[PDB]
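Undergrad: Chain by chain, the residues:
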Amino acid sequence: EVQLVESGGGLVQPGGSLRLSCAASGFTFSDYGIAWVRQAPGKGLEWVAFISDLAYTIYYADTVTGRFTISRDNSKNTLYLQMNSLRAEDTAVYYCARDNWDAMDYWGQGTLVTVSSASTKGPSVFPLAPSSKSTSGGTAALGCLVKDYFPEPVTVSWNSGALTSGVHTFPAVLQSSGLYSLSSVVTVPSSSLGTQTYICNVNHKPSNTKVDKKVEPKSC
Amino acid sequence: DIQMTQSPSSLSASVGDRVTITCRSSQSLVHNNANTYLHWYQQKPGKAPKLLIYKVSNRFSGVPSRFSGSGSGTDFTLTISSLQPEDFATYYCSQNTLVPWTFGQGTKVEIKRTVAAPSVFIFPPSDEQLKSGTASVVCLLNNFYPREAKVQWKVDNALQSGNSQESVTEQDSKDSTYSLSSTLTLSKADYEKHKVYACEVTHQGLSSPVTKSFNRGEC
Amino acid sequence: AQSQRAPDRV
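Chains as they are written, first to last, in the deposited numbering: chain J, 1 to 220; chain Q, 1 to 219; chain V, 7 to 16.
Among these hints, one or two may not hold up.
[Unchecked claim] When the alpha-carbon atoms are kept at most 27 Å apart in a straight line, the in silico DSS-like pairs for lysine-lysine are as follows:
(1) Q/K112 - Q/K44
(2) J/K218 - J/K76
(3) J/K218 - Q/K154
(4) Q/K188 - J/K218
(5) J/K43 - Q/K108
(6) J/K205 - Q/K174
(7) J/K43 - Q/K195
(8) J/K76 - Q/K50
(9) Q/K150 - Q/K195
(10) Q/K174 - Q/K112
(11) Q/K47 - Q/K131
(12) Q/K212 - J/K133
(13) Q/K131 - Q/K188
Since the hints were derived computationally from the structure, they do not count as laboratory data.
Work out the full structure, taking the sequences as your base and the hints as a guide.
TA: As structure tokens, this is what we get:
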């Protein structure tokens, strides 16, 4: 029931600014200190800022000091991190974590900040239809191609979350064009093909692209 | 300023094995209040870290009893008493006694598993992608172990080199396997001037390389 | 150097 929800992340030009927001819920917010911790893609955890209980003490990481400002509004149950003069070195999933007074015990799911001069692009969604040349069998595979978006992240589900078994959503690959592309694949019984619908639910929030793609067999 | 060094940075262990992860401080983590703020985190793929152990040895709410902590001053330890498939993750120690608060590098735990051959599927480009002018031919290697595999692309016996990308899934939390998609990307112009699209896969669980192929045409 | 490990309430 304890939750911290980060928002306000996104794409920013280098030198630009963002204000991250963390909406607290399910505890006494005014009782606890709140930390920010960031994780650059494929990298370790880096602590960045702390605001105490009533804001009396505030800590920054040297890497961040002067540019980032941590603040809170106890009456709003919200924490803020104002990030100025963003370098590429700041690209990271930024976590807000509540501190026990001994440990950061509850973290939010994170908001991704991408510092880049590239521009947002929505993806195209294409079906990966079951069986090539030879039809039928015992276990089939189908999927969706989510092609050519920037930046991360993209979300993929199947049948609005009702289908999870056999699902592999692959990490995105950065193509030579500076655009991302992934596949989400599912294995299902062959006998089920044509007696059930398979929809992939694609969301790319940064570009307001939200697409439901039906995937089925064809003629050849 | 406290440097947190973990040992090892990664490891493979079988299910049921005892696994020990070491954390080293450059400075005592005993606070002035006599407490020692060393904590351990588990981070699974694309999820936030979860608190496992706080203050050296305290198991956090809902943490299974096979996870424990140990140590004093400079040298600390995380033990997994009997490793389970869901225990795949990166583990981090952290200190809270001094500012800045610091983490170790992480120790990635992989689950060692019996060899499993991939299931190989090939997908021609949909007509709809074709209309946008591109062709992606996808090759899926499903539920295999170990992670290493080679995928070779051929178009009418012409070797394809550098025009294909691969993505591997993180180890599955239930059956401990990996999956891999290789995407061959062509112009639709090029795609339509050729017939046989073949994916050749090499893997330890495969006696002999397996080729999945199709013959072009919305036929 | 040492971090505050008690709330601003104290």
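Undergrad: Against this structure, judge whether each hint is valid.
TA: Consistency of the hints with the structure:
Restraint check: the Cα-Cα separation between Q/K112 and Q/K44 comes to about 17 Å, which is no more than 27 Å; the hinted pair holds. Among the hinted pairs, J/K218 with J/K76 is inconsistent with the structure: their alpha-carbon atoms are about 54 Å apart, more than 27 Å. With a CA separation close to 24 Å, the supplied pair J/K218 and Q/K154 stays within the 27 Å bound. Between Q/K188 and J/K218 the CA atoms are separated by roughly 19 Å; this keeps the pair inside 27 Å, and the hint holds.
Annotation: proposed proximity of J/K43 to Q/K108 holds, straight-line Cα distance about 12 Å (limit 27 Å). Of the pairs offered as hints, the one joining J/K205 and Q/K174 is violated, with about 30 Å between alpha carbons and a cut-off of 27 Å exceeded. Taking the CA atoms of J/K43 and Q/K195, the gap is near 43 Å; set against the 27 Å cutoff, the hint is violated. Of the pairs offered as hints, the one joining J/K76 and Q/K50 holds, with about 26 Å between alpha carbons and a cut-off of 27 Å not exceeded.
Note on Q/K150 and Q/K195: the hinted pairing holds, with a Cα-Cα distance of about 23 Å set against a maximum of 27 Å. Of the pairs offered as hints, the one joining Q/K174 and Q/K112 holds, with about 13 Å between alpha carbons and a cut-off of 27 Å not exceeded. Between Q/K47 and Q/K131 the CA atoms are separated by roughly 37 Å; this puts the pair beyond 27 Å, and the hint is violated. As the CA atoms of Q/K212 and J/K133 are separated by approximately 10 Å, the hinted pair is consistent with the 27 Å bound.
At most 27 Å may separate the alpha-carbon atoms for a hinted pair to count; Q/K131 and Q/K188 meet this at roughly 8 Å.
Consistency note: the structure conflicts with the earlier hints numbered 2, 6, 7 and 11.
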